[PDB]
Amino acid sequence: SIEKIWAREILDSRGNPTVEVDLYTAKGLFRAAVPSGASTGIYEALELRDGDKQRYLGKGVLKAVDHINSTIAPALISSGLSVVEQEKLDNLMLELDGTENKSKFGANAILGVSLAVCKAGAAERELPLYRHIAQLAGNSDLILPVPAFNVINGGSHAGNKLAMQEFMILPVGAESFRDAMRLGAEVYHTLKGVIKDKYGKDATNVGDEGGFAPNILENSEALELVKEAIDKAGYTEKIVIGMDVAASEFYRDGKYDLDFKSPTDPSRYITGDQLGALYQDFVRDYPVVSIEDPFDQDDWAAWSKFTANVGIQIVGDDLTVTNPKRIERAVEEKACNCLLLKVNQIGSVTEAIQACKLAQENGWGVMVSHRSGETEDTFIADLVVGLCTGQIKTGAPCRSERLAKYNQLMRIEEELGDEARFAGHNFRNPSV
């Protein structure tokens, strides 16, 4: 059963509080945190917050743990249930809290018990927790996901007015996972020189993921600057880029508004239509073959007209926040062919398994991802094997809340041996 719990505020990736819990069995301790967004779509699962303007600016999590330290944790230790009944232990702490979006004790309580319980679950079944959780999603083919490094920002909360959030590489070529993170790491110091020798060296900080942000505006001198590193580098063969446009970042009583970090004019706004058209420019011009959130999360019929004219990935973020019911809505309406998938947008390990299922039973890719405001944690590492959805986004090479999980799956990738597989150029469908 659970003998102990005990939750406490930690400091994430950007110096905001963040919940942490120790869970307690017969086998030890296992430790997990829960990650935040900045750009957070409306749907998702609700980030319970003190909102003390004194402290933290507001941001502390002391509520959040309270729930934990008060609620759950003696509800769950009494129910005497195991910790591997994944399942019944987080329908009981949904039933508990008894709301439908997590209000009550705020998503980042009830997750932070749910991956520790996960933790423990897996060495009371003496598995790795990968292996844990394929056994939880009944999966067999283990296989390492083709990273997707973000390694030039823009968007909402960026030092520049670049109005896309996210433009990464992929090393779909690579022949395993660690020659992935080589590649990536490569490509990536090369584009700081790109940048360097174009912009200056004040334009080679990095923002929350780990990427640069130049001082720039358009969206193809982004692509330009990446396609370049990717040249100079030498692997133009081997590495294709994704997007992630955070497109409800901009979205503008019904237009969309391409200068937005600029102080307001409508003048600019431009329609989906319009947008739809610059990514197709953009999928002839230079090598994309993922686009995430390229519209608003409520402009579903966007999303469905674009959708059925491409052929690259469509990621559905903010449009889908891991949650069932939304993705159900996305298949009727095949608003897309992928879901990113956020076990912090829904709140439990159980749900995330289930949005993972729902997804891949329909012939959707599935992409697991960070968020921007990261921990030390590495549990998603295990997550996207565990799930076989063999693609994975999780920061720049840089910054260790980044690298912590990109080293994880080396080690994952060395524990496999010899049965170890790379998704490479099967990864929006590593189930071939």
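Numbering follows the first chain given and starts at 1. Rigid core here is just the name for the largest C-alpha set that superposes within 1.5 Å across the two forms. Compared with the form deposited in another entry:
- Core-based superposition between the two forms shows that, of 138, 263, 80, 311, only 263 has its Cα displaced by 2 Å or more.
- After superposing the rigid core, the C-alpha of residue 40 moves by 2 Å or more between the two forms.
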Given for the second form:
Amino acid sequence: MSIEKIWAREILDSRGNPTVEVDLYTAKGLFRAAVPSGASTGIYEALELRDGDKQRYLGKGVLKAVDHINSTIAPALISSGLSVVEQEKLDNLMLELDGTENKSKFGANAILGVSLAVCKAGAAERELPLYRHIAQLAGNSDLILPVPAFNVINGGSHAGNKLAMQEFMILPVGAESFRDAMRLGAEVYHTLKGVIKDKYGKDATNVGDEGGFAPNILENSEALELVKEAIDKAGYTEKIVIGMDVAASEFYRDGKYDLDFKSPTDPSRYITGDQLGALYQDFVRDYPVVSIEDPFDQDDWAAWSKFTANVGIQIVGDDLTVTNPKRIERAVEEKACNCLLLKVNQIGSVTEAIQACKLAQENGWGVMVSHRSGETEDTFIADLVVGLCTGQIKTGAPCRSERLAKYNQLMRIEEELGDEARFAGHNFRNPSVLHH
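Can I get the form deposited in another entry as well, since the one above is the form deposited in one PDB entry?
One chain, no partners, no other molecules: that is all that follows.
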């Protein structure tokens, strides 16, 4: 026996919505994990199991998922007698048990919750820190501290402004270490808060779901101006660069794109994919933008491929690839992008998430580990990004502790790794060139 007990419960995430937490018990103690939740429901994503009872948490309860774990998944894994270190064997077993493709029987959140807890238990059984255990599961040996991407200006579907593009991020690529990167990010963030307060009023510095600011802006170029201004005023002009999550699937209108989709529908203002690309070109020219995520729709494959082949920055697939090995294989084929955004709950398990990572890295892609808009105090993805030697992660602004928890864990990891610890820096896309 390795697994003594697997027990799941219902906790609240950063937004106040129910989510899955799983406690796994072995002889070496308690191992706890919680599942993040996206804002929108992707059609290619593995199914997030919700109760749908409108009188309880407005239908967002996860009692059915919890029960699947406690009544079905838990006794089955204990029956198998498989060690907690057999991550692949245990993950696979849950998949056959679920039988479906998108994990619709047990739910991806139920399967991931157990998967994450197993990985933590297995790490103690190997007597390795979590990031080291993940490293061996992936086939890595030379660890890397990632460049953090702090979203500081927010737009898109769930922002109060008119700003169409979702996230504007800062990347301290010129930092001495990760701890140094945290300082740079925080200082620019508080500098930005002052710039926004002076230009938009004191009632414009409240934060969104991920700790970023959402002042009333329409022009995407204007959002970049604020960010660059804050960077320069903080005194880090070329030690910090800019990243973007456009989330273009959110304003995809009949084959075109609406950069004012939160205004009354006027189909005349729509622009083509080529037009949207030329806009990006201007941004790269006028601003230190080094990475753009979801620049086009999740099914606009022609636009992705055409853009990637003609720009030298990082193109990140999110809604396009949804951490799905099948979608990734197609994206490699068509050269749609050159970076995979890794969301573990999109695919539903640790084993499959590692496979998706290796699939991208072996084809010359970069990877970027990512949070969800609904997060918990769980810090698994901090150990994940290091173990996978990814070199880049976005897990929120330096505000709200569902974000800081990840960043704090990474600072502890850098401390623990000592002289072996290497910061990705300007090599966040391709950290392998530093490994020595």
